[PDB]
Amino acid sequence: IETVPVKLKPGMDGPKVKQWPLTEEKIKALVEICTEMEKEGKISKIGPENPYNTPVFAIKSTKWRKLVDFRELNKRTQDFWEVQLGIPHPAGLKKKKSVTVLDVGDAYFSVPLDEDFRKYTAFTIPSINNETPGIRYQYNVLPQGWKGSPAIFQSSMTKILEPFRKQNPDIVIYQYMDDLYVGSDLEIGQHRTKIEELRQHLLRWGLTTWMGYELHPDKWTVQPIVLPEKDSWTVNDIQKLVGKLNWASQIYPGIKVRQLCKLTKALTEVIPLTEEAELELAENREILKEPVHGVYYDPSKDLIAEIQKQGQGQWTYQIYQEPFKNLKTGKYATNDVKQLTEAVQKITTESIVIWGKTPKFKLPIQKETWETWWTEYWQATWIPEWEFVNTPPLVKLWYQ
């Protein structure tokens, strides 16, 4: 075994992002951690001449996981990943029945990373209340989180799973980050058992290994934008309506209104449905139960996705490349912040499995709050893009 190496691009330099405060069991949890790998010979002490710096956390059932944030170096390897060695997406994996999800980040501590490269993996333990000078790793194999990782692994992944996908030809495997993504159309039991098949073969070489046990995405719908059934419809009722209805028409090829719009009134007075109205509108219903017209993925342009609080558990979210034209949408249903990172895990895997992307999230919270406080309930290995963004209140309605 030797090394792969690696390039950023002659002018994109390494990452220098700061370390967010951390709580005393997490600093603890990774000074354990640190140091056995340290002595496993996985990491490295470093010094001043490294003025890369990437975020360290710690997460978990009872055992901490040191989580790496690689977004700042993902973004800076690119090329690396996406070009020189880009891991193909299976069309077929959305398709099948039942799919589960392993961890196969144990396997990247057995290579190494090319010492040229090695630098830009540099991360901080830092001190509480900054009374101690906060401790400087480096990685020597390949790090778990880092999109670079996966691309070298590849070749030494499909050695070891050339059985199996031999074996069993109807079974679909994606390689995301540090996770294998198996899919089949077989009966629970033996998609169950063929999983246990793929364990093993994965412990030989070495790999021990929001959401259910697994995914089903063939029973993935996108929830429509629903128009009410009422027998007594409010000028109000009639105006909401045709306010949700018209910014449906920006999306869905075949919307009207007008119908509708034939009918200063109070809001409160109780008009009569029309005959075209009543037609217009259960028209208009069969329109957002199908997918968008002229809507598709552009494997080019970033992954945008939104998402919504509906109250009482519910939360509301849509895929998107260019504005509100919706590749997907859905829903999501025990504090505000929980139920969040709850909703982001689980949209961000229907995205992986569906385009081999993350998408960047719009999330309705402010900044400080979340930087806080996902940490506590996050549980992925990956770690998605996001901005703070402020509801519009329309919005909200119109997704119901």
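Residue numbers count along the first chain shown, from 1. First, how it differs from the form deposited in another entry.
- Remark: the rigid segments turn against one another between the two forms, and the hinge among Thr349, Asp69, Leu142, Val292 is at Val292.
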The other form holds:
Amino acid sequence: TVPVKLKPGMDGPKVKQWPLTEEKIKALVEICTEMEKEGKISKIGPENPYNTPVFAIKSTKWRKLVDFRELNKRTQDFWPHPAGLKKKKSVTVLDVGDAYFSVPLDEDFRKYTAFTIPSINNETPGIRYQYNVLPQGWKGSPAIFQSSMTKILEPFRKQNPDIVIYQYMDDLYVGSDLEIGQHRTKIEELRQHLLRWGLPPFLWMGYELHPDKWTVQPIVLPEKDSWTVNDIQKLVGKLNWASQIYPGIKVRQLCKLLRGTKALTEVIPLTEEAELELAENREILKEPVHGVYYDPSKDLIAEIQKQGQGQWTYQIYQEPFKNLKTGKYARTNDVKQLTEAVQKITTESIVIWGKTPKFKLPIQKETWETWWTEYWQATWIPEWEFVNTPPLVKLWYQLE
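For the form deposited in another entry instead of the form deposited in one PDB entry, what are the coordinates?
A lone chain is what you will see next.
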């Protein structure tokens, strides 16, 4: 067992277990009881003060999902990402977490992986366990199993060099440009080739991502037949804002059509001066601002806005206004869509920069904490904080 340690000075996590629905609890009991017989985990005593939260997600089979976020933050770094993978036509995601369930975990870190299956109405102490093997979701697992992994793949890698294979946590991203049919046949070869070694389900409905088609949802201005005082005021409003990004944006001419207190509905004819300025503004906006590069040493942030009707707007940036990417997502219910979005956006961040972003979610914590695991399917969990979307930021990111 490769001896691991927590960063210097840091103690183990002591995270509260959020209440679970009897269904989830039962699923967790069946699962942990089996992992126990298989010796992957073991019951623990009161002398272990630590706790990591667990969840049951959803085949008809349930998947246990430990929220090792806190533990991974206190877990020593270990001493790469193919910018090419993001270009491939199709990317498939395989869940290879089981590859870990066959590598003992350093006898001394074990206490740190403690987790608790809760009890309804606190009628029992809760079943406490800790891992004996590399736990899925832990930051250490991919690293420690890296070696054994590189072996297993060196063959296929060389046999199908036209194939890009990126591992991230419990996920493996198989990328290529082959036609859809050969891609799926090629993937399956990998499955039985990962099986040849040891215990691989598909992720995302066994369906594939087409990163090649992903694209920046740029800013747009209302293009309309007649322009009223309101349209203009909104137009200037949106423009002036975006000016803090594209400073070549000018409002002087449009702001002249708005001299004197007029009636909101009054239709104003655009002076040629104004006509051409709007034109220049549309062009500058035609593309993302130059000089925005991804710093590998800063946190990646993702904010999502609810646009109503099943549409959400998001942006990925490390420095305010300096978006590395911006998009849209459309259908359910607010929460389900919201989590689907979060997972879509992560998957890309990973595929693109192989790092998960920190979300700012427009939802009440208790709510999110209550329904996210009903629609969640990834094997990872991003960092997320809860916010209050400003009324205008949504207005400046809507549609077509």
